[PDB]
Each structure stands twice: as C-alpha cells, then as structure tokens.
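Chemist: For reference, the chains in residue letters:
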Amino acid sequence: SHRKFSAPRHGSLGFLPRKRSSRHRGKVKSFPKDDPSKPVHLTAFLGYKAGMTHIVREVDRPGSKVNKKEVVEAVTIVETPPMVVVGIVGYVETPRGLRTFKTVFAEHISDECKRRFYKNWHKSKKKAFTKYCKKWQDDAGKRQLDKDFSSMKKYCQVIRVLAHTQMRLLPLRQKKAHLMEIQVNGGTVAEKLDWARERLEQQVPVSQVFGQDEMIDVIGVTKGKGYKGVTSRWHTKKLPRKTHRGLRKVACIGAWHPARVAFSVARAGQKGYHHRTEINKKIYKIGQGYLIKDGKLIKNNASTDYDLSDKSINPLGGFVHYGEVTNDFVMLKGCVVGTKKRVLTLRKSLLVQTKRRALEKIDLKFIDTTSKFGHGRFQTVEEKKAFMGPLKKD
Amino acid sequence: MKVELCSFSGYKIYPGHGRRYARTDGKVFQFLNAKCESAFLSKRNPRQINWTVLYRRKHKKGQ
Amino acid sequence: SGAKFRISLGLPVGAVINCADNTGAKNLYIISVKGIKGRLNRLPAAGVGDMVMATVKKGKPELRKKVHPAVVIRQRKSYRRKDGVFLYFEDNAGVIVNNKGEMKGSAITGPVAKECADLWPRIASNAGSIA
RNA sequence: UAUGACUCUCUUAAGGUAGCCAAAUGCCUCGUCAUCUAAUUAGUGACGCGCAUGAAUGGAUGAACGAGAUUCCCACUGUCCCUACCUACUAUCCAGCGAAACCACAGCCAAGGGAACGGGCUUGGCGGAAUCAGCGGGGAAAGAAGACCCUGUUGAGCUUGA
RNA sequence: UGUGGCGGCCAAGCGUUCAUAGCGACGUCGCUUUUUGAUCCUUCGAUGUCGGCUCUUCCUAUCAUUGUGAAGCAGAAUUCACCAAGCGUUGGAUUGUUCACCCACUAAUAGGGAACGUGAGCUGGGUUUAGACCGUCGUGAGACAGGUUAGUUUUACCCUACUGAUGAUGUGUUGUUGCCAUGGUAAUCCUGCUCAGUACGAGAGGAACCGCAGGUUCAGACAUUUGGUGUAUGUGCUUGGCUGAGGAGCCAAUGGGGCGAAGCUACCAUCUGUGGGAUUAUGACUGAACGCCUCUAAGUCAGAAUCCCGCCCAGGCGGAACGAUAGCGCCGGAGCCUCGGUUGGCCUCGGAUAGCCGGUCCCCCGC
RNA sequence: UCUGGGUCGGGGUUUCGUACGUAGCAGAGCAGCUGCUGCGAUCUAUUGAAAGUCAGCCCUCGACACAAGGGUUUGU
Ligand SMILES: [Mg+2]
Ligand SMILES: [Mg+2]
Ligand SMILES: [Mg+2]
Ligand SMILES: [Mg+2]
Ligand SMILES: [Mg+2]
Ligand SMILES: [Mg+2]
Ligand SMILES: [Mg+2]
Ligand SMILES: [Mg+2]
Ligand SMILES: [Mg+2]
Ligand SMILES: [Mg+2]
Ligand SMILES: [Mg+2]
Ligand SMILES: [Mg+2]
Ligand SMILES: [Mg+2]
Ligand SMILES: [Mg+2]
Ligand SMILES: [Mg+2]
Ligand SMILES: [Mg+2]
Ligand SMILES: [Mg+2]
Ligand SMILES: [Mg+2]
Ligand SMILES: [Mg+2]
Ligand SMILES: [Mg+2]
Ligand SMILES: [Mg+2]
Ligand SMILES: [Mg+2]
Ligand SMILES: [Mg+2]
Ligand SMILES: [Mg+2]
Ligand SMILES: [Mg+2]
Ligand SMILES: [Mg+2]
Ligand SMILES: [Mg+2]
Ligand SMILES: [Mg+2]
Ligand SMILES: [Mg+2]
Ligand SMILES: [Mg+2]
Ligand SMILES: [Mg+2]
Ligand SMILES: [Mg+2]
Ligand SMILES: [Mg+2]
Ligand SMILES: [Mg+2]
Ligand SMILES: [Mg+2]
Ligand SMILES: [Mg+2]
Ligand SMILES: [Mg+2]
Ligand SMILES: [Mg+2]
Ligand SMILES: [Mg+2]
Ligand SMILES: [Mg+2]
Ligand SMILES: [Mg+2]
Ligand SMILES: [Mg+2]
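In order, the protein sequences belong to chains A, B and C. Once you know that position 35 of the first sequence is 55 in our numbering, the rest is easy, because the numbers rise by one and skip nothing. Once you know that position 49 of the second sequence is 52 in our numbering, the rest is easy, because the numbers rise by one and skip nothing. Once you know that position 100 of the third sequence is 114 in our numbering, the rest is easy, because the numbers rise by one and skip nothing.
Straight-line Cα separation of at most 30 Å, DSS-like style, residue types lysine-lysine; simulated pairs:
#1 A:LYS385 x C:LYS96
#2 A:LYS353 x A:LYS58
#3 A:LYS319 x B:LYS5
#4 A:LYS196 x A:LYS146
#5 A:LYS331 x B:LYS5
#6 C:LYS51 x A:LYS24
#7 A:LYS85 x B:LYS30
#8 B:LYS15 x A:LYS392
#9 B:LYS30 x B:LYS63
#10 B:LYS46 x B:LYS30
#11 A:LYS353 x A:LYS39
#12 C:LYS118 x C:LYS74
#13 A:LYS89 x B:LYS15
#14 C:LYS91 x B:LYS30
#15 A:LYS248 x A:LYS269
#16 A:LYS39 x A:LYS245
#17 B:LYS61 x A:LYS412
#18 B:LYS46 x C:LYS40
#19 A:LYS195 x A:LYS245
#20 A:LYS195 x A:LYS134
Counterexamples of contact, computed for chain C against chain B with all Cβ distances above 10 Å:
#21 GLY16
#22 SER22
#23 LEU57
#24 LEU77
#25 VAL81
#26 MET117
#27 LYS118
Simulated from the structure, these hints should not be mistaken for laboratory data. All residues carry an ideal CB built from backbone N, CA and C; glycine is no exception.
Construct the entire structure; sequences and hints are all you get.
Modeler: As structure tokens, then:
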C-alpha cells in the first residue's frame, strides 16, 4: 500500500557516490567560459585553510531592518602565498572531447615542485627534469621550443598554465608543493601564450587573480569522519527505545517484488572526505603579508580604518592546529569546506553576478583577534598586559 | 561600536562574545562567559571571588 | 518594509508560558503556532514575536475552555540577534491579542523583546521596557 | 403534545421483588444528557425501553489491603521535538586454537509464456580475477512429514437422555 | 467484474430567458482491480497470518504550485477543462484500528500501488492456544466474527543485491598533470513593503507585472560566536576509609558535585544553494485546400514547476601530454619456435534529386 | 642546502582559582602560668598564586643524541 503520510527524502542523490575522494587537492571541474573581449588573466588560485574569526562591519542594504546597523559575521582565513609558474599546457577541441596537446615546462624547477614527482624524496637521486633542462641552453633545443610554442599557437584553443605553491612560507609540516592547472582567460591564443611565456619562472600573488568584494567559489575535500552509521550519514529517523536489533538503523530497505536493494536507500558507509564545490563566498579582505622595511616589520594586517591598531590576523596563541599566518590571506564570508591546514582551490565564479548582495561594498570596522584556544578575552598582548599589570614571573 | 563590561567579573565584553540576561523586573545584565553566568545565576558575590575586578578594587591589589 | 529575522525558537506545542498582562489569565498553553507549514514528526514551535494559538489553564473562568490568539513576548531560550548578541529572559511570557493585532488587556508586566516590539505596534505601545 | 398511575384481554408453576447498570454483563452503540479537553469510540456521574441485570447459580455496599484492570491532575524527566557527546566490554586487525546450521546444480535484471509471482527457458538489457567490513531486499532462506480446515469406515481425554 | 469506484454517447428537463457556463432523468456503451463477491489453478515434509512506526520507489483518475483555455469570469473569491507527477500534502484529542470524527495551522492538508510494500526491521495494542470472570445457549462435557484480563516474537558467519574499502585488465616500468565516454542529479514554496486603497466596481470591497526585505521545507557544509558532551581523570570543593600526623596522595567497578582546554556536535550557532536549448498545452503569422474564410496541408513565431543538457558527484577491460627510466635503449647479417589470417591497388570536392556535371572567362566583384 | 626532524627545557595562549611553608596584636573562645604560653574551624599577606597545557595548540634556533641506513621487485 501507499505511504500513510508524505515526507521528503533524507539526503541527496546528486552527491551519490559518498566515497573517499580519489584526490586530496580540490579540482576545478569546469573553468569560467573564455571570451576574447576581456584582458588576459587567471581564473583560479590555491590557498590553505588557517582558521575562522569575527568581523564587525557596516551593512549598506536599503529596505532591511539591519540597514546602517553593525553586525557580527563569521569569516574564514585562507593563507595564500604567491604561486610559481613552471609550465604551460595546451588543449585542442576534438569530437571525443578536449585532448591535451603539448606541455612545456620551465628551465628551472624548484625542489618544492620537484618533490611532487616522487613518492620518496629521501631515497630519490632527484633526477627529475635534468635531461629536460638542457633544452633551454642549446640552439637545437631553443628552436624546438619555439616550434612547440608556435604549434600551440596554431592548433590550441584552451591554454592552461602550471603553477605550484610555496611550502617554505607556510607553518605546515609538508614541504611537497601542490601543482595545479589554471585556465588562462583573455584574448587570442597567441597573446594568451605570450603572456604565460613571460610569467614562466615567476611569482603570481593573489591580487592578480582576485579583487576586493568578489563572489568566488571554494573547491575542496570535506574533513573526514570515517565509517558512519545511517543516522549520522543520512540523518534518518532514530528508531524507538524498544527496538531489538538496534535503533540507529533504517527499518525498511525496500519492498518485496523489487527483489534487489535500491540505490536510493540510505545505508551505512564512509561519511566525510568528499570533494565539494561551494559557490558564492564573498571576499571580505585581501590581507598583506609580513614584510620588513627600514629594519622593522609591518604586521598590522587585522587593523582596519576604524580600529587603528598594530595587530595581525593571528589570534593570541596563534591559530589552533594551523600555525602562524605570515603571508597574504583571503578573508571569506562564512565557513568553507574542509579541515584546517587543508589545501583549497579558489575559483572565479561561473555566473554573472547582478545582485545587491553580490555587489555590496564591504568595509571592515573590527577584526576580532582574541584567543581561539579557549574563551579568549584580550585582543592583543599589550592590552592584556595593560589590564593585568605586573605578575610574579616579572 | 560599544563594548560592554561584565556584570559579575567586570572584564570588557567584545561584540561577538558573551550573553545578555534580561530579568522580569528589567535590569539587563551582560556576561563574558558561562563561568560568570553560572556564578551570577547561583547568587554569588563578586567581591568574594578572587579573579573579579571588584575583589581587586576592594582589596586594593595591583597599582 | 523590513522583515523579521529568524531566531532560536524554543517554545513547542504544549509549552505553558505565563500570561504577562491584566486580562486575569495566568498561563497560556500553546496549542499551535501560526504560519507553520510543518514536517513529519516535528512540533510547531515559536519564538518571540510569533503569533500562536493559546489556551488559559488557570485564571478567570470566562477566559478558560476556549482558544485565544496570542503573541509571545519573552522566551527563556537564548536567541542570536544580527548584532552577534545572544539574549535570553528569566521566563517565557505572552499576551492575549486579537486576530488583527490589538491587545485584549491594557498593561504589560515586564519587558518586551525588540523582535516582538518591532513587529507588533500595539504591544510596543503598552510595553514598559524594551529587551 | 406526549408519556401514561387505571382498566380489559390472552395466558403459565410463577411472571424479575428489593436493589443495580451501555457495568468485566447493552447487539443496535462511538445510546442520550452533564462533567473532564482546544479537540475525547477513553474516564466519571446520572437516565433505563435491561438483544441477554438481579438477590448464597448470591444482590447492593464498603474501611484497610493488592508486583491485579482503567481515567485524570501535580511534580519529574532524551518518551518525543532532535539528536549529540563520553566511558567500559565487544565487534576490527594480529599470534595461537578453532566448530555448527545449511547445501539438486548454483546464484545480475525487465518483460513474455509456463503449475496462472523464474537464477536457469524465449526475446532483450548485458557480463572482467581474488577479496574486506557492514547490511537485511531476495533466495516464495533455515528450523518441524501444518498445531488452523477437510478426509480416514485412525485414535485418545471428558460428558450424557447414545 | 455481479457489486464498488471512475469515464463516456443521446438529450426530456434544471439553470429568471437558454438542452449542452455548470448539471442532467428515461436509456445505453465502456474502463480499472486501491471494495466486496464468484471461482479453486499454485502453496498444508509450513510463503510468518491485522494495524502502527521506519524507509525507498512508482502511478495519475491533479488538492496546491508553473504555463494555459471556459464561465451564469466586473474586481476579489470560486467552478469546468488541458499540457503536467518536478516539488510538497502537517501537528494533535478519541479508538488496536483500516476507516471515521473533531481542534489547529497551512499553499494544499489529493487518491493510490509495490506478496492488501515492509515481523532473521521493530512493536505486540487487536486477532488467534493453554489460566480466569460476566451474559446467552446446552441436562452435561462445553459453544459463542459476544464483551473482559494475563499471556516465550528464534538464526545470517552462506550466495546475490545495496553501501562503503583494497585491487585486477593492459598502455614496456613508474610518477605528475589532465580529458569525459557513461551513470547519478535538486532545489522548492510562502509572507511582508511598494505597486495601491490603484485598476475594476453604484457601493461594499479590492487585484496583478517589475523591484525590495525575509521566511518554510530540503540539500551540502562548518565550529569564529552561543549551547551540549567532557575520564586532557585539567583545576578547585567535599563524604566514608587507608598511608602514625602535617604535607602529598590513594580506594569506593568514572565516589559525588562545580567550572572546564582541545576535539566532536545542534535550524539549539553560522555559511551557501545557479544557467541554457528543443519544445507541450495554448495563443498566433503567412497561406491554400474550398474565387471567401482558415494557427496547417507546405512554410513560420512566442511558449512552461515538464524533458534534455549545463553547474555539481563518481570516473570505462577508455584515451591523452609530460618527467625519470637501473644490464637497458637507438641504428646498420644468420637461423630456431609460436600465433595466424590473406593471395594487386584506388592518395579524398561539396552536394542536388521537379535536377546535375565539365569547360569558357570576351563581363562584373574579390582573395 | 652545518642542514633536518625528534626529545627536553623556555616563552606565548588558555583552564581552574590564591599552593606548601612562614608570619600576623585577625579569630567564636577555652585551658595552664603569673600579661605570657599553648588548642582552635576560619581569615589576611607572601599569592591573579600554585598546578596542568598536545599527546591532533603556537613560536623557539637553548641543551641532548640521532639522521649519509635495511629488505623485496620492476626493461621499450
Ligand atoms: Mg502520497
Ligand atoms: Mg523486545
Ligand atoms: Mg576554541
Ligand atoms: Mg508520528
Ligand atoms: Mg426492576
Ligand atoms: Mg487520554
Ligand atoms: Mg457510567
Ligand atoms: Mg438470572
Ligand atoms: Mg447471574
Ligand atoms: Mg587469530
Ligand atoms: Mg530458485
Ligand atoms: Mg544455459
Ligand atoms: Mg533477506
Ligand atoms: Mg520458512
Ligand atoms: Mg503432512
Ligand atoms: Mg470411506
Ligand atoms: Mg474411541
Ligand atoms: Mg489411554
Ligand atoms: Mg439408557
Ligand atoms: Mg458498475
Ligand atoms: Mg427552460
Ligand atoms: Mg475443477
Ligand atoms: Mg515449501
Ligand atoms: Mg520469506
Ligand atoms: Mg492527465
Ligand atoms: Mg502485507
Ligand atoms: Mg522480510
Ligand atoms: Mg520476527
Ligand atoms: Mg496482546
Ligand atoms: Mg485463552
Ligand atoms: Mg567477522
Ligand atoms: Mg550526464
Ligand atoms: Mg473606478
Ligand atoms: Mg563552542
Ligand atoms: Mg561547554
Ligand atoms: Mg566545547
Ligand atoms: Mg592533608
Ligand atoms: Mg566490591
Ligand atoms: Mg559543564
Ligand atoms: Mg500548434
Ligand atoms: Mg520558436
Ligand atoms: Mg525557449
């Protein structure tokens, strides 16, 4: 017979293979559509999740109750050191799809990027690209390289560039860099290639890729939770207390005459470590990294136009389970996917953004830097010392 | 923006922290954390609790 | 113009709140919440400013054994405002109000939440304290 | 208006008296009224026309008592909204030791036909070693020569006007 | 398919007039197996026999929502009908209930199937053993789809299916960065402001499009804040006992109780959730058939919660580019095994069919 | 890459709430001496003290030794 009362389905069948992700780095499944009218730019970047904090900001939206009132909003900090471009890959459009055509790497490749090509850097003789790097210093290799770039100009329609992260500017344990193809979007293929050719062996910061108050997408792997039951995995109803064969179960997994178990039935398995793409996160702030000038360092990242302080984005005691953020960072509104110290892919939006929420202008009034390692109650150590006074240890 | 002072301890309450307690006879209080909140709702004197600002001001500690 | 932001609702069906006015009613048993579409095995529940249907359990006998409309003015459950402030009250309190929005009684004993006062002007007129 | 003390008639050994009741007993029935609720096929109090109540086949009542049956209220709580977290022993893996149930052959489906619900047949969809932890849709899964129903010119326990 | 349910044809009449806006007698034709029958084909060396809870999918005979046609459609509200199953269809009192009835919310509280879905998923309220009580029947043992009460719910470690987890084929070995063939697929609805007390209407009343602010249901996350947990057994407090006492500690199956880091976690906190194409219903254009007319016959336009693709999820006994390649690679006579099939090659216009093909350029434009 | 992690120590953060001892003409009082000396829960100062703090917190460039290794396979 029919179901007695109607109820919506638990879970989504659109994220259906809830398995462990085959990749650790988030992957751009679709880049933004290229048009020749726009100038030549990058469409993606790669950051590392540090932590979250507060913003007190001034809201400009006409018609709301919260118009010209201060709000408190959660933000996520992703540390984004500048990336190094080490090669260009071309693509051709085939009736079977989009076949890669030719890859040309740079002459000098750092040990960060060379670590990626090995499972054991300690036992390796570090021989990667050693016979390849003798192609940039002889005439018979340079002519071949120019013919390879000319063939890519003649035959390629999609140009992607190879860039890797800089792991020695991070407080992480890993030294092995992350490589990624970024689709170069701009004018013709010829000037698109003659842009990446000069940016070979060069550093691209996050300011060349993203602007202030841009609505971007975050691609990354969910934090893993292991083999979970159906009550945690699919959020089904808990069976009552009198249930004999366990209560954290789905009671009926199917009818009789469809004598299989359906693929839409909620069943136990791996929860977490799923590759997700969350769209429409606003960039509240592109911070500036630590830099030494005239002997002393400029670390006042979390200072706003209203705060006028000398504090960094790092809270008291540092970010919990991450480290210290000493490079450029991107402040995204709300939470992003994944755990801390996780590599995330920041992608430009696939959509045209014609909305007052998407086009709202953000000014920061206050960034909270109290300790996240407990209930912190002091913004800075100088404020803490000025409130507490002298202790016994002095 | 206006920062508050804790009704039990006396510490500065930054805008994202703490809670507010509005009693039936008015008298809205604000609390830094659940420790000071439970100390207020258990009817305890801040002048007898060592880490509060009022105890330091009464016993003339610091300076 | 401006519309109500959602809050931490914590007063389901069956909740007995107290009646903070001079109608002679003492309690208000919440039998349902207006504006609730529903969900399978999910009780209708309300926060401050939500119109509910209530029933007087003790008080004057001419208010008992019938359904009244009411507006919740105070809740004990902590709710977050957009200013990042978590607020809660000492008790759960409501007043008896007709279907249009005018109050049945005259005066209010105790404060009235800002989320209720900004939506109901005839309760904010008789309110002694705000938030 | 109705009900109807009263009368007449038919009748059997009398024709149910005092009580009591939609009861553990009332088919109709979720009877009617009142109360309890916002809402009650439940509960309680009345009404008695009682299919089929009733006086040691005992009637009515009733303090104390009850691991007896039922209704409501206070207080209390994860019973629930709506789930979450922690601990111990398992389950997991390893060293050693190590069974049993079950088993025509075996095991991916849709439809057709067919002993009228196929794993095998027909037509299609298709199919790729060996495995691990779970799981309860299917094997019309296992246990037990159906206790229900019928037959047997098969029985037993019990009763009586056989 | 009698009965139940649903749908037609004819049209006497109802509808102030008026058969057919909406209905429809007397007749008559059908559909369905969500009703009960009728039958006895399968099952009695056993297919677990009612509900409820839980969970997934399907149907349309569409309650609401999208797009529309018709009214006895002025507006508002409401009826009839089409494409249409994408998304929803609730919280409760009573009863074991299915059903029913009432309260309240809502946008609507539509109907059903899957062995009358679902007992090695639960429960055991009912039914349906043995104990008892009442009423009726029987001389009696006992009987009662008549009430009442108490009454053991076993096994998966096998195969498949499903959920996840290793790996396998073969590209000489391995590594990096990628493509997507195929499967899955998701967002949905409502309120307030303005429009506007405006159109419309004698009046009472009373819209809609574009915008703005939010919310419901769902989905995916996440822990800065609030809450929960807490054996960091972290730090105080405390009962009984014990180490002669202080100090420091221990035991009481976590002794008990405050506060509590990290981690995990809650619409109990927070963030995010999208674009095209062909088109359906329908309304049309041009225009015959049929000198007129006609959305249709040829041709053409607009067109949507549907469909398909995008976005997103997985990544083929499926490819690609590139790096490094240890006794191995690249180039220039002998034979030995094994697997086999074959017995000259066509090195190319685009295409039309009620039309083609090749020259010629003395013409006119250009690449 | 005279460098790398690890351990220890230190600093930062944070949790609880003011450690032991000493001193006090603080202490309801009581007792023994003729004001003193003892018993005394608790209080005050030292003392936001003491204790814990990555095992999955953050910086150290402070001490200590270790890390230039072992085994099994793979060919166009
Ligand atoms: Mg349904
Ligand atoms: Mg049980
Ligand atoms: Mg924290
Ligand atoms: Mg329910
Ligand atoms: Mg009598
Ligand atoms: Mg009841
Ligand atoms: Mg009675
Ligand atoms: Mg009798
Ligand atoms: Mg009797
Ligand atoms: Mg073993
Ligand atoms: Mg078989
Ligand atoms: Mg065969
Ligand atoms: Mg099974
Ligand atoms: Mg069986
Ligand atoms: Mg037999
Ligand atoms: Mg015979
Ligand atoms: Mg016999
Ligand atoms: Mg015998
Ligand atoms: Mg005889
Ligand atoms: Mg019929
Ligand atoms: Mg007529
Ligand atoms: Mg026959
Ligand atoms: Mg059988
Ligand atoms: Mg079976
Ligand atoms: Mg239809
Ligand atoms: Mg069944
Ligand atoms: Mg079953
Ligand atoms: Mg069972
Ligand atoms: Mg029973
Ligand atoms: Mg019995
Ligand atoms: Mg096992
Ligand atoms: Mg597809
Ligand atoms: Mg007018
Ligand atoms: Mg927290
Ligand atoms: Mg807590
Ligand atoms: Mg916590
Ligand atoms: Mg001691
Ligand atoms: Mg013991
Ligand atoms: Mg606690
Ligand atoms: Mg047409
Ligand atoms: Mg068109
Ligand atoms: Mg279109």
